[PDB]
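Just the one chain here, laid out as structure tokens, in the form deposited in one PDB entry.
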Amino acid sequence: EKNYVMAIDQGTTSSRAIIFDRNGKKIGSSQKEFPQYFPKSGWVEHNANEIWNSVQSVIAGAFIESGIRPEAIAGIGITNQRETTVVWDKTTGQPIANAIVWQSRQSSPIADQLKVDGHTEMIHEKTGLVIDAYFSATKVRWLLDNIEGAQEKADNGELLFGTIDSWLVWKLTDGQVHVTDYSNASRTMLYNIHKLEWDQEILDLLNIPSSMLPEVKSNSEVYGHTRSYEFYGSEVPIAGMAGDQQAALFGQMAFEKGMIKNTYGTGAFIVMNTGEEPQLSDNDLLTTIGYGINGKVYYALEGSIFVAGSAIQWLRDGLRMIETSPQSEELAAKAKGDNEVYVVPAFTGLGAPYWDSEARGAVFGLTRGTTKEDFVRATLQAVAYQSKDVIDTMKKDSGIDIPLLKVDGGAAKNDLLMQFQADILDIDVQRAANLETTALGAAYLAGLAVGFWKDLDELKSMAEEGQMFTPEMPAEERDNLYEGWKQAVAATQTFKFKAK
């Protein structure tokens, strides 16, 4: 236990591990994709054993690339795709079925039914969330409805539930620790964010035995130590944990009320720190927990954009319009049209501020002159436009003006996209020097827990700001582009055809 901390980032389509020194500098890293299953249209599943294997792989890869040995690791921090739900057998460690991903709509019939039975308001008051298949609760209900015998095993204390943080810590401790942090728990829709406890009324409503549930802890404390007889001959403290979007918020050093970031990945998620009190007005956004450290709980407002990077995957894999995902920026830069085509890629419904689960993907403004380049450019721009919807909502809700947006994520590497984002927002966009701020955030949490870094000030002193994009598009051009987006979304929301 010495001079390095490791972060593991278990993302939607790949896992990553990174080892940092006491300066916050990257010494080694490794990344590996894992299988995505789509058994029925709208369903998305992961095999949790394959997720664990990808994590084992990248932990190995980080050590191999760094030349660092486990005995030198002070702490491990863990961050993850949120909501994605695993249920597993307590004795064998075997998942009962595939994990259901946050992307999946397979549990929508159950969410719909909860709405028809009138629970929307109660759920929102307790959890800060909205009744939707997005969150863990209906994924658990789905698994206990559909996996033969699962409900009875659960009623007999034999099955455990966990989000990915919890699953991984379980794996790493070989079953000794079944824990989750406040930020991940807050995403389950089973957790009361005001009383800070699993909500018994929701549990009863859904017939989920409380014996399935992990204990909830802060985002920065020692949860246990590795056994994992792959982590070599070392018992390393598992010491920081947060949902990926909250990890990014922390890694961006957004510690003060009002500070705001956006992470561009498979989806895009705008999170504002609101401090120790939720927020007077939640309208059209989620109220969630940012992080719990130093005895205190810090809340956040979040607007979720479900489909961002995955729209580009669709172009590649569905339409086969592009050969690779990076090729998309090459094509978009070459677009020659008037910029009047709009793609609203709401494959699973519109996220914030709309939260309209019946919307599907749509395209507008097509003409004979519309080229592949134009269509790909419009697809990329969607995430910038919806980010503005969200950020305007955040100003309205928070009554705070927003002079600056910090940004991170794989997709934020696209300079032209970031310039466009600044241009349409008419606010400065500050891109992180190290785009993987999710992993950095988890490393910070773990480092603070073990005394690797002592104080939030030692973290600040590591801050080395990145590329700044300043707005350079005139008000008339910007107002026109955004007004066309609003009309596109409006028109998308009018298509609500349901068969029979």
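Numbering follows the first chain given and starts at 1. We call the rigid core the largest set of C-alpha positions that still match within 1.5 Å between the two forms. What changes on going to the form deposited in another entry:
- Large C-alpha shift between these two forms, rigid core held fixed: of 168, 190, 289, 293, this applies to 293 alone, with a displacement of 2 Å or more.
- Once both forms are fitted on their core, the CA shift for residue 407 between these two forms remains under 2 Å.
- Core-superposed comparison between these two forms: CA of residue 328 displaced by 2 Å or more.
- In the core-superposed comparison between these two forms, residue 451 has its Cα shifted by at least 2 Å.
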Second form
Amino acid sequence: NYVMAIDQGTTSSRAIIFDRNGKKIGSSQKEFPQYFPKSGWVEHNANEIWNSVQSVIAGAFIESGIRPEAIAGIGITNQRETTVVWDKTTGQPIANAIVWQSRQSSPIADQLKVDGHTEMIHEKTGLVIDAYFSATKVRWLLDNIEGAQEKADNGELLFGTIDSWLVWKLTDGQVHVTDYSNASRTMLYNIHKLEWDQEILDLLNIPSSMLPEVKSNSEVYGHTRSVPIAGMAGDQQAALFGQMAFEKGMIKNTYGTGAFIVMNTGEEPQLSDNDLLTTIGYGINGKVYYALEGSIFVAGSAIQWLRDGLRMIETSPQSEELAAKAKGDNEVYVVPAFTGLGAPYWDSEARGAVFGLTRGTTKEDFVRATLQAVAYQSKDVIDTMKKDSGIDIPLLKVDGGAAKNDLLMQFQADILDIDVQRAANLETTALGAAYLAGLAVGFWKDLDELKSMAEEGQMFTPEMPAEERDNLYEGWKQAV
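Show the form deposited in another entry, please, because up to now only the form deposited in one PDB entry has appeared in this conversation.
Nothing else is written out below except the one chain.
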């Protein structure tokens, strides 16, 4: 009896599986190309997204010995606001999946700042005008291609952030679906009414025939060859809900292709006046809830910066190792605004660079800068998160492959101040295709049965000088 998944990575395409509690048993890997067309924009081939996905979902479906009168339904997940527009008959893309990182969706976002849509999108969707969301990217795919717009009203090409491309191309094409936290981020949805916003949908000229069905986070959707379809619900509303949310004001910190923070702030929408996002979190049974997320584009897109291209070294894991020999960190920097800054700033124009260059360095320190800025950008939205709620909360319930360390939670631990809970296992964002969507088939009924084991097996303490954290923040707003 299984409750598995999918999830379309921005870097890789991978896979896994569970049973009776806590025990480890099967893993992965496989990387697909980060295609590059032009300036601002990062692209992914929609075919090599789906080639890679069922290359690994047909894999972890099986990792140590058995098969099917076991399996029992299909959940889903995908990548940030990535618009895939495909045909209904063939299932072939008309264009590649324009990544969340992409900034060619800025000319169109500047036109929305001149009209007066800033106070309308922020009070109905809870977000902010920036080339990060799907709405600004679907217009792009519909203004450049020949047919698209009046193939859309006939019902040929369907919009759907990758999750819907994963539900659809699985079930032959039977169930075209979404959820409450994927849709709340497409910038075409209303966070309060729980349906698709028609007021935004006009201005951008996008139809209602293209849009997927927004169902419950926890509900049976369809059937196919794998067996019953089940659920999906926001990755940052996943490490948020991953180290246990359900109640008010709960937070975390992701450490992947972008390091993001979110806050499960009650069944009440908290409005941000100083550029933070308000999206949809999740409760205990199958009902809606709210969340305060910031957002950053580079962290693991940073675990996409020193190695391959400007080759320097030779194997993935080790890097906690060249770290033990030079304390004072020689006047170095980084603004990882590769494809837009993200953080409070936003500023879809600001790019990944920093000045101050002078004679006495080798092949060494900006490994520190490539390893410096998203707990400054996470900080920029964490010191925009707790302020957005008025809290003083305890421990960081961190997650992400960079903290394969006695040193990320030792450097991701130096100024934020208070102390963290290093998740001795760090993929809690991807905690999202085996509980919520496991409650409706009547096999456990509810999220209240196993507590006396969570020993966060890794923690590294503070030790000698204690008067230094302030001025080394005061000047980051001059590079940014």
